[PDB]
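A lone chain, given as structure tokens: the form solved without the ligand.
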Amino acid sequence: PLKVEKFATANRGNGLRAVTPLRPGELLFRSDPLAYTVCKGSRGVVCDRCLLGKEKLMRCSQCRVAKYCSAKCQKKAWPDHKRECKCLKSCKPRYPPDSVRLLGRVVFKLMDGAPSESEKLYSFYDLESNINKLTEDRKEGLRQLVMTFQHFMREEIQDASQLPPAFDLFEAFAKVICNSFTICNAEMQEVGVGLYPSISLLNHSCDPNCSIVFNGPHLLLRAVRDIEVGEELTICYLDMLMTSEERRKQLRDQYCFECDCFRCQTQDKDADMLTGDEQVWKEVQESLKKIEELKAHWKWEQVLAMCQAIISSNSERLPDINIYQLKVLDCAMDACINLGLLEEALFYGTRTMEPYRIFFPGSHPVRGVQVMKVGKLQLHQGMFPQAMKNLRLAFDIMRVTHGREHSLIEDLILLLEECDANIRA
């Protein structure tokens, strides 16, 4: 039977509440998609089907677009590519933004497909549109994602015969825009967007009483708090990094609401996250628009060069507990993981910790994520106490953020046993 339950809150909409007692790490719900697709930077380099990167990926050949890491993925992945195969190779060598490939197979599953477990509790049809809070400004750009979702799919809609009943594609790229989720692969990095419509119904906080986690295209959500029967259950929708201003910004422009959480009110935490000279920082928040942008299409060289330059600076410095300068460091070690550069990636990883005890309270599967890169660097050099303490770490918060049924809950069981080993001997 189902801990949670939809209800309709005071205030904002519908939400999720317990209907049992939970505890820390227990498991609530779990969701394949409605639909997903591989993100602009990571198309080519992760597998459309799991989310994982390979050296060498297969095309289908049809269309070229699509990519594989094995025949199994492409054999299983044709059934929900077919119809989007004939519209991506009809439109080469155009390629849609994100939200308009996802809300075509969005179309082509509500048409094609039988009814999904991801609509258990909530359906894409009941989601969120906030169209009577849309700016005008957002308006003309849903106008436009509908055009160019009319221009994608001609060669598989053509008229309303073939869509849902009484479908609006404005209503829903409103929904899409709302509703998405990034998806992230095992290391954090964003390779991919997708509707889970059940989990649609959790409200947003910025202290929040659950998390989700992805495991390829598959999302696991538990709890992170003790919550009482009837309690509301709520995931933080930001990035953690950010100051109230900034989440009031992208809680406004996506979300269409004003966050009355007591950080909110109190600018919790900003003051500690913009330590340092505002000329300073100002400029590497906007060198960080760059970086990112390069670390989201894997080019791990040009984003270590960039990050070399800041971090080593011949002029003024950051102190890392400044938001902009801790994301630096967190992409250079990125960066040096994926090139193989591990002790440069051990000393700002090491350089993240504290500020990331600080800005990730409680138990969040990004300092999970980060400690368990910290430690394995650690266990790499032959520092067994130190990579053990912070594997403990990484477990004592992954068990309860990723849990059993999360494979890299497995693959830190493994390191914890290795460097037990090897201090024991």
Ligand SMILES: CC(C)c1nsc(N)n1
Second form
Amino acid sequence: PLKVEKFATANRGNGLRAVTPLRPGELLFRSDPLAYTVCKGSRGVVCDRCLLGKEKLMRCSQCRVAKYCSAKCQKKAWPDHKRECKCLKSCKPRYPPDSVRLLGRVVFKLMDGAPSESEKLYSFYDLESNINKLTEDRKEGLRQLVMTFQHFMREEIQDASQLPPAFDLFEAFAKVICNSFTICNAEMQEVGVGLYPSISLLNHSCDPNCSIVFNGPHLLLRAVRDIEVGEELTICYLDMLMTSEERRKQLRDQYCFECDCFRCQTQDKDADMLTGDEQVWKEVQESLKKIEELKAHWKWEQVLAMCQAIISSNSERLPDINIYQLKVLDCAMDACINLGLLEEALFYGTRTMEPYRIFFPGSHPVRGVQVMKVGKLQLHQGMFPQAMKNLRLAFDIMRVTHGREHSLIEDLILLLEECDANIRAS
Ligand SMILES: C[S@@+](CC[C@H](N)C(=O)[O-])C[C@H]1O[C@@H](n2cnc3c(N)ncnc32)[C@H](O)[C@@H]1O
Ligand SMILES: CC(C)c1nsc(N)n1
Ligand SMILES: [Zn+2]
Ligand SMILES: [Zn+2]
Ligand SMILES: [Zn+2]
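Got the form solved without the ligand; could you also share the form deposited with the ligand bound?
Time for the whole complex; same chain goes first.
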């Protein structure tokens, strides 16, 4: 009993469309990955299986590349890990690119695993590769990835008989480029990458009618707007804090298409995103490169230092609605939360609220979680009426974007009940 179906679109390959009208919040599909792996910066910081950042992680005794929070996670991961383990070990000093480790797990899954429910609607076989649109620059990078895969996997895979029938590594990597999902933890931090072939039927819109959220490696696909019968289902492949020009470059470079949506035609929100003096936000955009690199490696004290140099610069400053200033405020907030600097975190967090309202319209999981963070900071600091407003706002959003099937809704409900009990006591 599904409310969605595969169909051949007029000009964007295959897509997913509603078989019946859908309401905001409706669960449309849920999937474990065909294959997934922790990303580089989070390796050794989060559990390889559940992708949570425990304080204590045990590394696998053979390879010592995979780390686990528990015996339970080590066992649930052993089928997925058992053959890559010998490869990671054979290349003891070197570590492969995420894409290479991912495709290794794909190969082992397809060779050794039962048919995956993640492929119910659409299989890895079926995925778009866009090879006839790749630049020769891109094709050259794919060729290098193929040779990297051949090197990394030589201990377990020496020839084609150990690959699925007529499995082509070049085409496989081309598929990974435009069908990889960035797995986010409950705090919306990027922690892993995975393939969800059924979900890969969703085409892109900068104004989508559906949204995905992750609960560990588990993916929930939900409607975030009313959707009519026969209407194509879309998600936004990209970060919302991007101008139309930046979205153009990514959708070209990674997904090989020219976005024609109404937002890109109208340059919707571009002007407000780039307010302030250009030479200032050019420098911030450059600094953000290393800030996000540091954040990807959970380097919070260094993240905070770079952000303070910007937020409290002795030189000219930017409005908080400037998307680069906004990104800096958000990184500083997360840094302060992880360093226990809760007053400072709330200062930065509250500054992001109105910009997030503008740039994450409707029901977007990123805004829901941001508002929940702010409400939780306020609750801990005894600002109950303010916390309650933000916690209910987060619930308004996340009952649509997350739903009862996501464990964070249970946590939010408990915060609401705690905050309400404090307000009632008077
Ligand atoms: C995750 S797949 C989506 C399903 C894909 N259409 C298929 O047939 O398998 C992403 C690819 O679909 C195409 N695509 C996605 N969104 C598009 C859009 N809005 N306009 C044109 N092509 C799009 C691009 O080729 C992109 O690389
Ligand atoms: C049980 C083992 C051989 C396995 N099944 S799927 C995968 N990646 N590994
Ligand atoms: Zn775990
Ligand atoms: Zn291992
Ligand atoms: Zn667009």
